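One chain comes next, on its own, written out as structure tokens in the form deposited in one PDB entry.
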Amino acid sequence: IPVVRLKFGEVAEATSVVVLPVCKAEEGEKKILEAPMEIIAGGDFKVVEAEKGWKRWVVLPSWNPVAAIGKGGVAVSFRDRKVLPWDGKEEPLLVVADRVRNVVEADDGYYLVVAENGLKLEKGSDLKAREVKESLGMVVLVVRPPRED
């Protein structure tokens, strides 16, 4: 379950890049259910065509787990909420999920579900004990902000 840093052009096995619709985690499950499901690149310039309009979009490198999704991919934004105001703030995060694989099946796996306010990730095994069989989608990759020195 890869936690990678945003850098472009260094997945030297990739011919393309990947375009995803984005949701705010704070905005809840409706938006995630509504984001376009099919994003189809075609033509000489790989013009991408969703089947439905959407306002938020993101480009990511064709990382192995990102490119495997195809149908149902979405990117979800998480922001931070520290007790001590002088503590180093935890980086914002971009969680890539697979809505087609919404079915809880891997005990190791991690799934996106509704939180008291917003969304949260939860381990497969924890969801089974909680009697949940349907999540909003399998977490396939996490993106941390670009970094250097």
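Positions refer to the first chain, counted from 1. Only residues modelled in both forms are compared. By rigid core we mean the largest C-alpha set that fits within 1.5 Å across both forms. First, how it differs from the form deposited in another entry.
Aligning the rigid core between the two forms and inspecting 19, 14, 22, 132, the C-alpha positions shift by 2 Å or more at one residue, which is 14.
Comparing the forms between the two forms, the C-alpha position of residue 87 differs by 2 angstroms or more, with the core used for superposition. The protein segments that move between the two forms, counted as runs of at least three consecutive residues with every Cα displaced by 2 Å or more relative to the fitted core, are 7 to 16, 81 to 89, 116 to 118.
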The other form holds:
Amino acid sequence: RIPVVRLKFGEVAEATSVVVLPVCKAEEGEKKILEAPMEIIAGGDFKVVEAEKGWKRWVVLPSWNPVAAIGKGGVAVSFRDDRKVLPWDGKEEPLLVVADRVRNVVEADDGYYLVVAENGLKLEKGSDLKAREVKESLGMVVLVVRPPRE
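Okay, that one was the form deposited in one PDB entry. Can I see the form deposited in another entry too?
Here we give the lone chain, stripped of any partners or molecules.
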């Protein structure tokens, strides 16, 4: 299905290179997802990150292959629980979903997309969305991030 990575306890501190992404909560809905800064350019000798819009919450992640590949339009969405979100098995834990809202249009049959559910926010397979005559989503899920544990 989709690539999923568990962040190691203290992996961010030991990393050589890092990406920074705006954060959204599950409860706060679709509105804050769209309002989040789209153009996140990092430059200079200090790798200073400047966004177009002001933002409140942020996440620091190591430069994973598919994550750094996004550039413009990257975002991370928080979840309290992994059950009502993941299509397959969960483990009853908080979750971060990295999305590329630049390619929000459904085209990949095997890829997964962030969509507004009749209740909150869920993850859908492209083929299932195509069945419902749904073309535009909130963005394609690039990576699912799982928390450090013992």
